[PDB]
Amino acid sequence: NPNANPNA
Amino acid sequence: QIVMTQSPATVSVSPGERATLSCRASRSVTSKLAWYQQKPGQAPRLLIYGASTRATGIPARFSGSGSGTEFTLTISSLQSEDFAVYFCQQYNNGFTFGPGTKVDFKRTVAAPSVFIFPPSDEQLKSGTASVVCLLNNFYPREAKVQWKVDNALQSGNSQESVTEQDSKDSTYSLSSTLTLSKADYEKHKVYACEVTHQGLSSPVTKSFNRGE
Amino acid sequence: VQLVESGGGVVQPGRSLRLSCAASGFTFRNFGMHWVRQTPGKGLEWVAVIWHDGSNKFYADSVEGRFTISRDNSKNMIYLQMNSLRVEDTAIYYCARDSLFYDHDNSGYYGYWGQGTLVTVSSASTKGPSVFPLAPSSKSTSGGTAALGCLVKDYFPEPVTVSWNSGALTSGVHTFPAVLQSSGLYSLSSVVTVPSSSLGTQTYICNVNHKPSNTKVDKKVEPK
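Protein chains in written order, with the authors' numbering: chain P, 1 to 8; chain L, 1 to 94, 96 to 213; chain H, 2 to 52, 52A, 53 to 82, 82A to 82C, 83 to 100, 100A to 100G, 101 to 214.
If we strip away everything but chain P, and leave its shape as in the complex, we get:
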């Protein structure tokens, strides 16, 4: 899933 949050 590319829409998962990629930030921290």
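These are calculated hints, taken from the structure and not from any lab test. A portion of the hints provided could be inaccurate.
Straight line, CA to CA, 27 Å or less: simulated DSS-like cross-link-like pairs of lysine-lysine [as the list claims (entries may be wrong)]: (1) 145(L) - 107(L); (2) 43(H) - 145(L); (3) 149(L) - 214(H); (4) 207(L) - 209(H); (5) 129(H) - 190(L); (6) 43(H) - 103(L); (7) 210(H) - 117(H); (8) 210(H) - 126(L); (9) 188(L) - 129(H); (10) 117(H) - 126(L).
Use these hints to put chains L and H onto chain P, whose structure you have.
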């Protein structure tokens, strides 16, 4: 992937007016949609995310609403600075953008001046014929130009180019270039350029005969 | 917040290229980054995304297997290596940061963009333009106004500069944006409207300059 459609392609607004831009989604994207503003030569700028939330530093006249498949960007009273293109972008399943909607300065409807330019003899000797049809100083931006050679409608062998909206006139000018080989060009006689526009009661045809 | 791309240029198809994007003015290791490309024809297209640590990566279907996104958190950089380039990859490539504020139910939009860098994938070699007259005539005249111009055809790369009468003639001029032809060579037209009174007693010359090939052409345009 998901397809974002925007309509209409151009909106004509006078400063102080309300501007509505529609964005539609192939499938529902819940409230996961953004709006961006882009002026020529510059990079996009974030306006609204989620579906309703403004970004930091965006005036209150920018308002976004919508859910699922139908969204709307609103500029309550347009101002000096808002003439640009506006894209929407979904981030629910993948990342896809809409085609964009141009917002330009509204003025009086102005029919184009239609000019036809035969190929030069200097070019014909090098093997190619370029026929140029000019639409000068018109408004609004949408126009239909159609090439006819011996009354045969031409498709797929012409290219168009359009100026930005003029600073003073607020008009547009359009260029359409029909390119033929020399052999093809000399096999036919009448070269017509037929223009359709809102400021024309009926379509305008400008033509010449080869070797006139 | 400042994102700056570079590394673009002109390359042959089938070859490779690497892009770079420096990031400033925010905690870099705490944000995922994106690559988005823009084309005059297909609009804005997402390219790839990399997690805040390089952990997870995702690519557009059009570039999967050929493009690879990378980042170095100690350099505050993000890179994009392109392989087996196709002409359809020609675009302006922007650097974009995910989110405006952090949120795990609000992510996937671009809060800050870079200026962008341009990648031109072409097999064409540097070539000067040919300048043909757009001569005025009865069919270029409407009332007291006549149209004349120049056709700057078959050159590479962009841009060409066009003036009229060495800058003396400005009002009435329209220099159209260049167009990429099926040949892979660019083409444009510059036109001006002048009073039909002056076609006999006023010389009109377009000045075409194509610096990439050290080509300078003056063309006098007279009626037919």
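Hints and how they fare:
Between residue 145(L) and residue 107(L) the alpha-carbon distance is near 20 Å, which keeps this suggested pair within the 27 Å criterion. Between residue 43(H) and residue 145(L) the alpha-carbon distance is near 21 Å, which keeps this suggested pair within the 27 Å criterion. In summary, the hint linking residue 149(L) to residue 214(H) is supported, as the alpha carbons are separated by about 23 Å, within the 27 Å threshold. With a C-alpha separation of about 26 Å, the suggested pairing of residue 207(L) with residue 209(H) holds against the 27 Å cut-off.
Between residue 129(H) and residue 190(L) the alpha-carbon distance is near 16 Å, which keeps this suggested pair within the 27 Å criterion. Pair hint residue 43(H) plus residue 103(L) holds up; C-alpha atoms about 15 Å apart against a cutoff of 27 Å. For a cut-off of 27 Å, the pair hint linking residue 210(H) to residue 117(H) stands: about 22 Å separates their Cα positions. Note on residue 210(H) and residue 126(L): the hinted pairing holds, with a Cα-Cα distance of about 19 Å set against a maximum of 27 Å.
The suggested pairing of residue 188(L) with residue 129(H) holds, with an alpha-carbon distance near 22 Å, which does not exceed 27 Å. For a cut-off of 27 Å, the pair hint linking residue 117(H) to residue 126(L) stands: about 19 Å separates their Cα positions.
Checked against the numbered hints given earlier, the structure satisfies every one of them.
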